[PDB]
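In the block that follows, a single chain appears as structure tokens, in the form deposited without the named molecule.
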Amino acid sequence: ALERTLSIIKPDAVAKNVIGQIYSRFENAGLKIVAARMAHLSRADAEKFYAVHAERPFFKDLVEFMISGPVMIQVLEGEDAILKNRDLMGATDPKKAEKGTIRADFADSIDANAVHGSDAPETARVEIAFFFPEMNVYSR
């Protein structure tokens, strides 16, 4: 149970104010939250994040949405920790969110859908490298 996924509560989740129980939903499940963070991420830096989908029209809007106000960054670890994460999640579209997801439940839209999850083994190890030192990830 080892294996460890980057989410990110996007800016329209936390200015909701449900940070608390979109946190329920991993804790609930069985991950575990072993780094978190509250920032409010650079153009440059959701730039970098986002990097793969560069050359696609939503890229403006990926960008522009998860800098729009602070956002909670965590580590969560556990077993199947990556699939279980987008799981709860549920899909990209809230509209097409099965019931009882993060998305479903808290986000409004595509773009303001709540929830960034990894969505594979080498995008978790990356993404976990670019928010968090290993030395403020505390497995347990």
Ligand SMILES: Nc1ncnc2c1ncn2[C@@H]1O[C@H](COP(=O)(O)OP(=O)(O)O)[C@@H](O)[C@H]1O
Given for the second form:
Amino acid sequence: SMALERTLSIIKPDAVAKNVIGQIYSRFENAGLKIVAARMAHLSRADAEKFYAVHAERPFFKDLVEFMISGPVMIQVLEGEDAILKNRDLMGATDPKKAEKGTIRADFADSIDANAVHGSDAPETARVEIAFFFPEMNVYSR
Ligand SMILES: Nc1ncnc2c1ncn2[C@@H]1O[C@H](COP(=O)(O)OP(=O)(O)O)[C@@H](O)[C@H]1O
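Starting from the form deposited without the named molecule, produce the coordinates for the form solved in complex with the named molecule.
Shown next: the complete complex, the earlier chain at its head.
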């Protein structure tokens, strides 16, 4: 057995607009991950900037923020064995052109400029990202 983990997932505005929330949810659920918190939201500039602070110096920072506030997102906490890595494996590489066939990014995105999904990349970032978007009373382990 591996540790039971929680990770923060975002279906970005591109995939929400494509109306493929359900298909992406089924990738998680069929992989053995459970949706334990969820909310559709529309991020403010400030919140997007805070959430992606780690990339504040990167050349893509401005574009990322404008993209993430361009329309509603679907945010969820995924729980299961090895959830953090499992989610990342389902998402695929940052660049959809380089992502493996069958990943969410390969299947639902075309360029790095709009790449469908976010997932926490480590235990530490998972904790911070979950607490950013959900109070613990609105996360329901099962
Ligand atoms: N060169 C780029 N141009 C536009 N957006 C980018 C670029 N690189 C990264 N991004 C955006 O910033 C997000 C976070 O970057 P990063 O954490 O490095 O990738 P990942 O989301 O695969 O963990 C990416 O998922 C993507 O939406």
